[PDB]
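Given chain A, work out where chains B, C, D, E, F, G, H and I with the ligands should sit, using these hints.
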Amino acid sequence: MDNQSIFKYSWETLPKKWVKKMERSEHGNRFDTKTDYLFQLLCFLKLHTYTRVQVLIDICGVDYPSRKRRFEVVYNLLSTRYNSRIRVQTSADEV
Amino acid sequence: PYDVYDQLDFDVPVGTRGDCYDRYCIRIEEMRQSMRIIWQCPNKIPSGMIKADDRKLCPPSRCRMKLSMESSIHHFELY
Amino acid sequence: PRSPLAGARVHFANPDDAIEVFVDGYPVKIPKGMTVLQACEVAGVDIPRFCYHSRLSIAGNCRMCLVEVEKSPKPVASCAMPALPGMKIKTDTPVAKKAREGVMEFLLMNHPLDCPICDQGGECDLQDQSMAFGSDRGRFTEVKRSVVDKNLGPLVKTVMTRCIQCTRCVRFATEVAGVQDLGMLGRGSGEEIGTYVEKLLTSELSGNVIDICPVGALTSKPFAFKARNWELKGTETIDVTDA
Amino acid sequence: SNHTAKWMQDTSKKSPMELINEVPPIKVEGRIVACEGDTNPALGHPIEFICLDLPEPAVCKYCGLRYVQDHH
Amino acid sequence: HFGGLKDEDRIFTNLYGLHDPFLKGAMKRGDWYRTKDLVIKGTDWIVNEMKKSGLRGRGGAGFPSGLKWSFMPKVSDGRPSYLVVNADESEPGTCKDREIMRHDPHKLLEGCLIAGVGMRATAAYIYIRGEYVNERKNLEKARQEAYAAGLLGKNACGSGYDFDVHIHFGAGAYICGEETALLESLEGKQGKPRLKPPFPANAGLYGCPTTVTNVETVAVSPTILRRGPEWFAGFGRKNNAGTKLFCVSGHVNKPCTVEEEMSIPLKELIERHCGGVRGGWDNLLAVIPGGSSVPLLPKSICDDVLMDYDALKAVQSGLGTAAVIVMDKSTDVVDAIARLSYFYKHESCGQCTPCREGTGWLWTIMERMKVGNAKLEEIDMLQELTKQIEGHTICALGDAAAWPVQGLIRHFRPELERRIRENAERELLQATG
Amino acid sequence: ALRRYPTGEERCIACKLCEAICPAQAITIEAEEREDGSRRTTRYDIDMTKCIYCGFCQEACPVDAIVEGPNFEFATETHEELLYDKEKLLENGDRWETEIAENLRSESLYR
Amino acid sequence: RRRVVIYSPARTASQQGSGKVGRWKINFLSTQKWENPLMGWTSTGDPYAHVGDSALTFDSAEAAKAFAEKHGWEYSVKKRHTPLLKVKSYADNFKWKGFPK
Amino acid sequence: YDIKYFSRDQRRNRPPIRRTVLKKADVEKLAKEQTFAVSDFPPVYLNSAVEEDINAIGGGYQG
Amino acid sequence: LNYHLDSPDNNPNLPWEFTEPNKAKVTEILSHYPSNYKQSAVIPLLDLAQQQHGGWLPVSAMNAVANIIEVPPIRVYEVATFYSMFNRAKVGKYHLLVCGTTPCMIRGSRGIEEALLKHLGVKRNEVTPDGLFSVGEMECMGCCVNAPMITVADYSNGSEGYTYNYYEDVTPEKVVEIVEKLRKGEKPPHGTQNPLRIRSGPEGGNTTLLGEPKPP
Ligand SMILES: Cc1cc2nc3c(=O)[nH]c(=O)nc-3n(C[C@H](O)[C@H](O)[C@H](O)COP(=O)(O)O)c2cc1C
Ligand code: SF4
Ligand code: SF4
Ligand code: SF4
Ligand code: SF4
Ligand code: SF4
Ligand code: FES
Ligand code: FES
Ligand SMILES: [Zn+2]
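Residue numbers (our numbering), protein chains in the order written: chain A, 1 to 95; chain B, 1 to 79; chain C, 1 to 243; chain D, 1 to 72; chain E, 1 to 433; chain F, 1 to 111; chain G, 1 to 101; chain H, 1 to 63; chain I, 1 to 216.
Isolated chain A, as found in the complex:
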């Protein structure tokens, strides 16, 4: 009920090669991506003249000691111009 606009536009114009999961909840919109393209995806944002995020709020780790990909890195970042925030959440193992 908050930022369907930015999220929808970002998903419908992205290079769909590097998106592994999308969740448009009401708690927070999630782009679960692959750890290989993370920098590419984030550099797409912060630069595109509609979904420019320009501010990174948090980079938190979550630990799940029961899955093959043990860790979970999470980037919470908002768009001060378009009044929206998204959460790009990548997987990550030991080393």
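Just so you know, these hints were derived from the structure itself, not from any lab.
DSSO-like mimics (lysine-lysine), calculated; alpha carbons at most 30 angstroms apart, straight line: (1) I:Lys-23 <-> E:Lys-154; (2) G:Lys-78 <-> G:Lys-65; (3) C:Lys-226 <-> D:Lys-13; (4) B:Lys-51 <-> C:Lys-98.
What follows is chains B, C, D, E, F, G, H and I with the ligands alone, placed relative to chain A:
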């Protein structure tokens, strides 16, 4: 606006050249706006209940807890 | 693709034929004469129970396991209901929810109010069942009913103020134990469970009685008030006294 | 003798058990009572309806007051 | 059709017992005429005949007795079969079966034999009520005379059919009236009911196939099976037919019990056979058509309601046992309902929790409402409790405890609200001083 | 402080609720059935330091056994004291039993 | 190094619920407690006194086994007993004894 | 006086989580059917300074 | 009443049995059921014990009947304490029970109750000493189309002479007359106290089955 803040209009000052002096003046203006809000509340505060309507997310008060039965069950489980 | 509760190796005595029932939608396979409660279990949904134990006989006595089986009238006791091929079981419908709410309302109405001294507080079925399935407010003021406590030897002390008339102990003592001493006597609200000649219980498995009895009335004397359950850790071992 | 010996240390003033035995029974009139003291809140001791059909006093399981039925 | 039943069509020609003893050695006029033919005409014919007649079970349910008898196992088996007669009428206000048993017992006996044959039953137990010592003496005398005459036993009358009937003392309780609880208390254990999924047609008295029928139907069975089912269907109405004996008592000039045909206007019955109410539709306040387990019928409704299994069943109530009660304008209806609820508290044995707890609670609330010590949300709470109990018990005594208060707060809300308001005003006026 | 009834009879009944809700786990409590029959606490101690003063105590108690009296002047010179003893000194909180009582009355209304 | 035991905690013998069965969990069989002489509290010296059954809850025996093997400490998996499911009948409750001998 | 906990506890009365997978076929289909517009790209959340006084609001009093 | 024996002065477990004619009657009663299921006979047998001890039913009697039907005594205890017609409190030589329920209340029963209680010193399930007269209350006993009733149970000569008879169409003066006639005299003819009405029906001319029956 997470909470009642709509009905509580205020000012939100903004500085023109970001530095120590402008952050300071911002702080004083924020004090004054907070005073505006602190007065707007005790003029609108709607005397009613507080904190819940389900004794499954908020514990029951003392009289009910010590008189009724299921209130004691819920207080026990909730604490 | 739905594993039974806890894992439960069904038998299939005649594996050539076995009925199938719809539990809350998706179907499940069931042996010939299995009850609705075990069918729901196989489907993987627990149903609140007080007076049904997998090792004692059935008795539709607590009246808390109610579900609605479409193609039938309004209420149905899950246990003691032999499954039929194709009946449309349903567990989470407003009918069943309100049935459970009302029954829990009646129990907690004429229950005592001494949880913070009654051990099994933190383990009690009635407690957890109320917190998870029952309402949140009671509407009752008048005086309750209270009975005198009872002694059953130095193993099982009872504060019978909270004997909710389940007959679990009676059915156990008459089926598994072997000695017929406990019995439910009285009528209406004035119904107690107790040997009528203040005798003791000269049999083993009385500790099993105190485990059977869900609400905290029959409790081990030598473990009177030493600890709640949430305080101590359990290690799974074997026995060396017996053989 | 043993419980008060485990917790109390002074053994000069009387232990709680001694005082609650010093208080006499109540000798109520009916068949069922309820123990709180004199207030519903601010004195705790939730409602503890206790029967009185034995020739000996009946304790209250909070603040044992030992109510007793008066007549036959 | 309408009401008014001629003298020749009546069946219980003994309901008062002056020139007509029990033993029928002086009055074998009616019964035991040719039961030999009626039993050698096969059981399937008997079931067909009953289904054709329309004998809606006169116990308080109204099941079509034809189906109820056809439910018994047709093909033979090992374990024998039992019929049990439910002579335990103790619903407050019914005084018919007492007279049947005390004065015309051979009716019940011959009906027991013919129904046992019609059900492929091997034996049959009549469960008398407890405090009927003299009626039980008379019935047992009759049964001994029936055995002595050779009309009930190994070679029943002339048929090879073996049949043993046995009386059983009553206890004193009322829950024993229920089917499964009757079977239980006849076993020997406490009088508590069973669970229905093992219907008492494949797991009954001793685990054998055993059905329970009220004394009404099994006592009417011989004459309906002899005088042809058309003579029976020519009464009452289309789907409700037969002759039933009502026991009208309460606030009439002449408290009575008489037999009429179904679908008879209450006005006609009361004003014709019983004495007219002290004021004919003038000071008559409430009417309870069925037993004490049936919601009320206010004055405006019962002026033109028929008396059958459907008319008042369509209105709100149920005919049940057909023990109509009348209550004048000078009797606190809420007090009468409170007393009924106290009875239900004092009778629910208490196997499963809803009935037990809710019935104690209903009595308490009804007392507080009788004095006037409640509010309006409390009457809505009363309705809610009623609904919960009615829904979710083991068998029909929960509905019994729920129905009268439901009907009360359905058809009598204004006067109850008036009581509450007056108590509140008096309390305020007294507290001001 | 641990209050007690006007009859001199102790209030605490060993529910373990205060110990369970303690966010600092600063309470240790160990009970046993007494000789006369009632249940009471054999050991009850609050190592006052580890007991940050949050308040949950006086809210979890179903009999108002433990309470926080309005005394803040206790500044001993040895850690062991601030490890308030096995209920003994806690019982001596009854030296405030009048003062504490006052507070409770004024909070019976809205609490 | 430490020997660990991988089991599934069985259902509590007091309730009749099921939300806590079938949940593979590793315990470090650490028991080296003693009584603190001052007050009587239970001291300890094992860093793994409680973690194994306070935070480490695994989804399946496979995952817990792989995890123990990964951290290196040697393990010994235990068995999980499951309730056999018979068939019951209220009629079997109301069975019928035979004729007199 | 009308306690009814499910209707009050719309909590735990939430819809289930709905999932879908996509392949190259669906990706191509959506890419083709999709088409932007001169408007409604997103909206913009614009706000600027005003250089307001201090004594204005309510004669500089009310708040 | 209570649900636990308290073993009074001389009724804990004294030896208790039947007489010889009562033994014969016990055989006769036990001869009406399949031998595998004799538990049923618990209901009549219990009653017989009453008529042998003055409406008493002592605990030794429950044990004796439980032994005579081969059942653990707790089942016989259950049977004897669940029903209502069995008393365990040594009521007097004569028991007077008054009915109460709406169709029998609204005819004026409370008057009978109050007057019978005032004429003596008893308190509603109490024993008038010189231990003749116990009085108590019961629920609807059927026949509530006739009148406010009063039932009397007579335990005088034991198994013989015991008689449990009604008394209908009563008024407090008739009741006090009946109770004093029970004390001084022996037996008042039971029935309906000058029935200007016909039993279980109207008064005078019965409005059904007027002249004669006839086999259909
Ligand atoms: C609370 C309650 C009271 C009952 N009272 C009686 C009764 O007085 N007489 C009776 O024959 N059956 C009684 N029953 C049993 C039912 O009326 C049962 O349907 C009946 O015995 C068999 O119906 P039928 O013979 O009319 O077909 C009672 C059942 C319940 C639940
Ligand atoms: S058993 Fe004890 S702790 Fe549980 S709800 Fe019943 S009274 Fe409370
Ligand atoms: S106290 Fe125990 S035996 Fe009694 S009804 Fe409750 S659970 Fe059953
Ligand atoms: S009121 Fe209902 S649940 Fe109770 S004893 Fe009767 S049939 Fe059973
Ligand atoms: S909650 Fe109250 S009485 Fe209960 S254990 Fe704690 S202080 Fe003691
Ligand atoms: S005041 Fe808080 S920190 Fe101290 S023990 Fe009590 S509940 Fe915990
Ligand atoms: S468990 Fe089915 S009724 Fe008690
Ligand atoms: S009401 Fe007294 S006899 Fe039925
Ligand atoms: Zn107390």
